[PDB]
Amino acid sequence: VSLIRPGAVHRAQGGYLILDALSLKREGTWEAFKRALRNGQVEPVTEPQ
Amino acid sequence: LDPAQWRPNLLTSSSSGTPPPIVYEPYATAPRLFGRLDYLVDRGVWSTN
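Quick note, the sequences are listed as chains S and H, same order. 294 is the number of the first residue of the first sequence in the UniProt record's numbering; add one for each residue after it. 245 is the number of the first residue of the second sequence in the UniProt record's numbering; add one for each residue after it.
Be a bit skeptical, because a hint or two may be false.
Stated by the list, open to error - Negatives, chain S to chain H, calculated, CB over 12 Å:
id : residue
1  : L296
2  : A301
3  : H303
4  : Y309
5  : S316
6  : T322
As the list claims (entries may be wrong) - List time: in silico SDA-like cross-link candidates among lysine to any residue, alpha-carbon distance up to 25 Å:
id : chain 1 : residue 1 : chain 2 : residue 2
7  : S       : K318      : S       : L330
8  : S       : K318      : H       : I266
9  : S       : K327      : H       : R280
10 : S       : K327      : H       : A274
11 : S       : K318      : S       : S295
12 : S       : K327      : H       : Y268
13 : S       : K327      : H       : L277
14 : S       : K318      : S       : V302
15 : S       : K327      : H       : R276
16 : S       : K327      : S       : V302
17 : S       : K318      : S       : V335
18 : S       : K318      : S       : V294
19 : S       : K327      : S       : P299
20 : S       : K327      : H       : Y271
21 : S       : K327      : H       : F278
22 : S       : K327      : H       : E269
23 : S       : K318      : H       : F278
24 : S       : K318      : S       : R328
25 : S       : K327      : S       : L317
26 : S       : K327      : H       : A272
27 : S       : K318      : S       : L296
If you're looking for bench data, these hints aren't it; they were derived computationally from the structure. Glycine included, each C-beta is placed from N, C-alpha and C at the ideal position.
Could you put the whole structure together from the sequences, leaning on the hints where they help?
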């Protein structure tokens, strides 16, 4: 738990998160972000190692 | 004798059952549905239990 780096979503809580739709669709994270916002789940990136 | 090799891994703790377990899972990835098999790397050797 001590090694979890925060992200934009974590820093945005209680505030306003401004993203780019072009960035979302281009980087392929749109579906993950949508399921994160709708459900409430967040998954910090884990390496397969 | 490996102690961590023979121990009942607790999966679900029973509740009052009112209501019965209601597990809603937006993801359908196999690691989230059936669970994942975390491994132990002992001296560069992958081994699970």
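Structure-based check of each hint:
1. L296: holds, 17 Å
2. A301: Answer for S:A301: holds, closest chain H Cβ roughly 21 Å.
3. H303: For S:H303, whose nearest Cβ neighbour in chain H is about 20 Å away, the distance exceeds 12 Å, so it holds.
4. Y309: Holds: least Cβ distance 24 Å, greater than 12 Å.
5. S316: Label holds. Min Cβ-Cβ 23 Å, cutoff 12 Å.
6. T322: Non-interface label stands for S:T322: nearest chain H Cβ at 15 Å, farther than 12 Å.
7. S:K318 x S:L330: Answer holds: S:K318 to S:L330 is near 16 Å, not above 25 Å.
8. S:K318 x H:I266: violated, 33 Å
9. S:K327 x H:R280: holds, 24 Å
10. S:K327 x H:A274: It holds: about 20 Å lies between the C-alpha atoms, which stays within 25 Å.
11. S:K318 x S:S295: Violated. S:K318 to S:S295 sits at ~32 Å, over the 25 Å cutoff.
12. S:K327 x H:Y268: holds, 17 Å
13. S:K327 x H:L277: holds, 20 Å
14. S:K318 x S:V302: With a Cα-Cα distance of about 17 Å, the restraint between S:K318 and S:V302 holds, given a limit of 25 Å.
15. S:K327 x H:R276: With Cα atoms ~18 Å apart, S:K327 and H:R276 stay inside 25 Å; holds.
16. S:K327 x S:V302: holds, 12 Å
17. S:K318 x S:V335: holds, 18 Å
18. S:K318 x S:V294: violated, 30 Å
19. S:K327 x S:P299: holds, 18 Å
20. S:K327 x H:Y271: holds, 12 Å
21. S:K327 x H:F278: Distance ~23 Å between S:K327 and H:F278 Cα, so the pair holds.
22. S:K327 x H:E269: It holds: about 14 Å lies between the C-alpha atoms, which stays within 25 Å.
23. S:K318 x H:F278: Distance of about 30 Å is beyond 25 Å: violated.
24. S:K318 x S:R328: holds, 14 Å
25. S:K327 x S:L317: Answer holds: S:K327 to S:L317 is near 10 Å, not above 25 Å.
26. S:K327 x H:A272: Between S:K327 and H:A272 the Cα gap is close to 15 Å, so the pair holds against 25 Å.
27. S:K318 x S:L296: Roughly 29 Å separates the two Cα atoms, so the pair is violated.
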